[PDB]
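One chain comes next, on its own, written out as structure tokens in the form deposited in one PDB entry.
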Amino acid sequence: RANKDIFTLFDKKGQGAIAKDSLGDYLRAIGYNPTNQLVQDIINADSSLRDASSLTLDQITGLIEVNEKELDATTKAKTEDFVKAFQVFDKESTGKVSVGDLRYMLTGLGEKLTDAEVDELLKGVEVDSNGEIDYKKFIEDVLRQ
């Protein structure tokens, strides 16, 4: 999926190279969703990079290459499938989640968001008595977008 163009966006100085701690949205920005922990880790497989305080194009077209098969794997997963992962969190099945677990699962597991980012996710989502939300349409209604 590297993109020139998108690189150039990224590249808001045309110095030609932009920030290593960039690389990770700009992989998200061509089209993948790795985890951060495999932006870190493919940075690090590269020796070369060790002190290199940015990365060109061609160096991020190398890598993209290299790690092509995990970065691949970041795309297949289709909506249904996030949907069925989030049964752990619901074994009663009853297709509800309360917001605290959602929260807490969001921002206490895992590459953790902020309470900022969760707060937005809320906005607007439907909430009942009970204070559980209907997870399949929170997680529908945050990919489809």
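Numbering follows the first chain given and starts at 1. What changes on going to the form deposited in another entry:
When each C-alpha is placed with whichever rigid part superposes it better, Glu126 ends up alongside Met105 in the two-part motion between the two forms.
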The other form holds:
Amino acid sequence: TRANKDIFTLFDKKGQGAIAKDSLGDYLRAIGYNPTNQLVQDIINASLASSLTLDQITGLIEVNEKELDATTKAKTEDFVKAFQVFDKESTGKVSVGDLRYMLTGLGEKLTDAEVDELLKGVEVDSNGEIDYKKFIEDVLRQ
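Swap state to the form deposited in another entry from the form deposited in one PDB entry:
What follows is just the one chain, with no partners and no other molecules.
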């Protein structure tokens, strides 16, 4: 369902007409889905060489339309309570340090590099704080 929008070529810079099977998760992310690594594995593990053609990937997406589409339905309200845990004065803000803590120390533990990449364009105020509702909105924008 989610269109390629010429993204496949960025994953295949070596003119193979195919991309690494291990790149499938990131490809799915690039076109608009938000799969867990587990979902990616279930999709592949279900004729699938070390690579996949665009047509093979499109076939996989059509078969898994509902499950992939289900990864794009998150709402801001799903995450506010989690941030409120780190909101000392109930100001709607969290320190950049606490955000890193949340993301690298809890849940699936993102890497410090992933958090660096995430925060590259995130506004941090003069108190080292981030408006988390605005942050969530940015992360969830399609």
